[PDB]
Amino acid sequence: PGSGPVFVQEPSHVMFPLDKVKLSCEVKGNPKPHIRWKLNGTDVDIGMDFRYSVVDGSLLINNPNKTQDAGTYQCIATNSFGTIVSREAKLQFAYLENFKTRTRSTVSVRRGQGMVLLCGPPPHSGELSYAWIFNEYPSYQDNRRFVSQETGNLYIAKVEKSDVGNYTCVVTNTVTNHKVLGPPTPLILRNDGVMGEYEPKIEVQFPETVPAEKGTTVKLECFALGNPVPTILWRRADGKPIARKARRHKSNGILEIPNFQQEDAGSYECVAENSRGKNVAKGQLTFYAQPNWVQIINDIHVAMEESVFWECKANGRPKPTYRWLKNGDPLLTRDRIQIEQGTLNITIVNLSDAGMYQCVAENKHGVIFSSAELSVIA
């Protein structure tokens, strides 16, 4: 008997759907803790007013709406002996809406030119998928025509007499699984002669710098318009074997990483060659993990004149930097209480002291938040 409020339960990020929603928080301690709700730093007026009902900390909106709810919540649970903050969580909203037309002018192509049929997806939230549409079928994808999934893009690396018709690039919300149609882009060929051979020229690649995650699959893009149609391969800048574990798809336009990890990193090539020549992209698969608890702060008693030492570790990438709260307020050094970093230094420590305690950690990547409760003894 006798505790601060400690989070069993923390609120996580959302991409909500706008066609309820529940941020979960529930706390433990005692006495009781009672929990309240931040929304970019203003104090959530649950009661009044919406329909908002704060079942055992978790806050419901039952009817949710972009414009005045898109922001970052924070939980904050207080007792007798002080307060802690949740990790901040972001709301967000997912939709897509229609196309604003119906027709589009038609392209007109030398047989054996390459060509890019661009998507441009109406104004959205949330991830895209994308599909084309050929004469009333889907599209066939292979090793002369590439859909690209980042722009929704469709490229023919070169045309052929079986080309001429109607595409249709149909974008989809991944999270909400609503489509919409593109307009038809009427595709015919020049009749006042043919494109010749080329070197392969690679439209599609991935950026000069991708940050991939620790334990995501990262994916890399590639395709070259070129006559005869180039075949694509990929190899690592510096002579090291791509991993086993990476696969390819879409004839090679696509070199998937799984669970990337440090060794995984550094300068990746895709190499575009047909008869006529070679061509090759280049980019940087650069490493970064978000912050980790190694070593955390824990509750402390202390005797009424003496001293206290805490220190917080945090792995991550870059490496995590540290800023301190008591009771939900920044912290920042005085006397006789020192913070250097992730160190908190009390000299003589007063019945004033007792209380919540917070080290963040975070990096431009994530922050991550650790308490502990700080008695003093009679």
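Positions refer to the first chain, counted from 1. Heads up, when I say rigid core I mean the largest set of C-alphas that superpose within 1.5 Å between the two forms. Compared with the form deposited in another entry:
- Put simply, after the core is superposed between the two forms, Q262 is the one residue in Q262, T174, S108, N98 with a Cα shift of at least 2 angstroms.
- Superposition of the core reveals a Cα shift of 2 Å or more for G82 between the two forms.
- Relative to the superposed rigid core, the position of the CA of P138 differs between the two forms by less than 2 Å.
- The two forms, fitted on the rigid core, differ between the two forms by 2 Å or more at the CA of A237.
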Contents of the next structure:
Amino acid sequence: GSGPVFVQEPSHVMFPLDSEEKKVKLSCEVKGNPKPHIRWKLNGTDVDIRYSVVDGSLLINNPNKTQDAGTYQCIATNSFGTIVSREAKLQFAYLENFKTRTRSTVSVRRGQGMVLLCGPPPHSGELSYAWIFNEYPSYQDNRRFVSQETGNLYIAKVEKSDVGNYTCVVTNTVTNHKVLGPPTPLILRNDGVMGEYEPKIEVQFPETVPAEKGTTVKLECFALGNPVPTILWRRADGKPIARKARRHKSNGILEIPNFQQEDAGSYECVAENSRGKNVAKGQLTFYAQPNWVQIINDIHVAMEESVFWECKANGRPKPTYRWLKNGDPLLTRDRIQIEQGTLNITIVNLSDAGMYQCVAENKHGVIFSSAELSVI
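Write the structure block of the form deposited in another entry for the protein whose form deposited in one PDB entry appears above.
A single chain, with no partners or molecules, comes next.
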């Protein structure tokens, strides 16, 4: 005598495309008496079973990024009612080789600012970047900087020592796989030296930066310029940047670890040289996905009694709530008062028995809590 309870609710799955398993598993193990029946959704449409389903879990033979990558959800039902799972993403993590195996020789003038473009191949998963210069890691400093967002190598002011071969090294942070691009041979063009000029901020952080609680948020800023620009980070409001923040040696990346509310607000990067100044500005806005503070628990109640049920979640922006009964949205009606994360039933009847879900959500995430109302 019990409605469905999640034993193994769908979790995010990272499948390495060049794995050796011709199969991936999406879990949906549920316990009830009677034993629940289970169905699967993908991108909001039903999975009409090379798909297999064992003990509620969706088994895919021959996974294929194209047909299989997406957002899954399961729904479990027995005679006592229905619950819906959280969403789970199935992700294929991969990194292709660079296609073209050949770079044209490029020529730049002494004193000139330039960017060597990585042009990373098709991939899925977060990438990190390094360059190789004449067979040795390319040294970074105030004059040379590698972006971890673009993977580009920025050279503020080219000097004679920069002549040689450059290869971009790209690493998929999920599979730990590395790929090398074709070397781009670079030479001095023997016209003049480049004259002097204002810094040009060539890579920078966005005007608006969502900054997730607890994570490390990374801001970039680097400029081309002759003389080589200085890069300065500050908060517009004059408060000191937190000491926990880390600066890249070229000063081109500010990293704010364990991001918290007080770390938010407007940041500025100032690039300056003897010829002028430019500034990149952006607002970091703190956010947090919802977290359960109070869930609903099973209720056993008798006819004509009343019922008050409440769930509570934190998050930023502050979560709103909505209710499901047996998977369908439940709103205020006769006998049943639904107000944010609360449900009030004045006089219980037999028809009220069912599965209920209290849902908490903001822009950034949705969470579910589930319980059974049973009547006697």
